[PDB]
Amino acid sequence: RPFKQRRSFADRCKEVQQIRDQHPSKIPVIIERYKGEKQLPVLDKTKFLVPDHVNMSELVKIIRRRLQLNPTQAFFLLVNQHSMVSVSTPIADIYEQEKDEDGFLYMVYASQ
């Protein structure tokens, strides 16, 4: 089930804050599969802490690994309102610019 439907807005704020208060150098990112995707698998992990010094290329690289992709597989990692951000764009720039009302940063992966 979608993370937003698995935890109440109340619950979610609280996690984000607990993350802030316990791991202040990490960005809280929720990563999930695009709703209408077929050719790419559901991952066991949806909650990701991402070192705030990195950029989008790092994330694209972690998700490849977890999805067990091969170089050939081009995929899209889209933030928030299906936005494409530069892979050079640092996640901390991305976070401030695109984070949800609940403190998390939501992304989805897709292909084609």
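Positions refer to the first chain, counted from 1. Here, rigid core means the biggest group of C-alpha atoms that superpose within 1.5 Å across both forms. First, how it differs from the form deposited in another entry.
Among the residues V85, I63, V50, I30, the single one whose Cα moves by at least 2 Å between these two forms, once the core is superposed, is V85.
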Second form
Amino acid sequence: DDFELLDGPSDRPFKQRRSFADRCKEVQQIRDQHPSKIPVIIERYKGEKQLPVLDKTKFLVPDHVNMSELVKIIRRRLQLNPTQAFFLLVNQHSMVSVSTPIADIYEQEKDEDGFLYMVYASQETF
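Structure of the form deposited in another entry, please, following the form deposited in one PDB entry?
The text that comes after this line covers the one chain and nothing more.
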């Protein structure tokens, strides 16, 4: 008999863990409190098995932060070694070398609930 692999909460997308209604509520509270900050959900890609699971899911980012800069923050938070491939994606595009302010990306790419969703993986495209 083979092992049966069980799935934890992280194995479930944030959108399935908290209802659409509750997510909307959470965004509108935090945007009222910090109008100059962007609410971001960062999760490991569902197919990614080599990079570790992040400790937290919900982040607040000052809106003048460049995307490429946010990518390095997350890379350090995961404590990756220099040779480990790492892509942080918004709407499946790599933000790794994107110099755009996150305020502008938020305008363009935020979800209906008001969060900006990002996913990380070992490649942008296989």
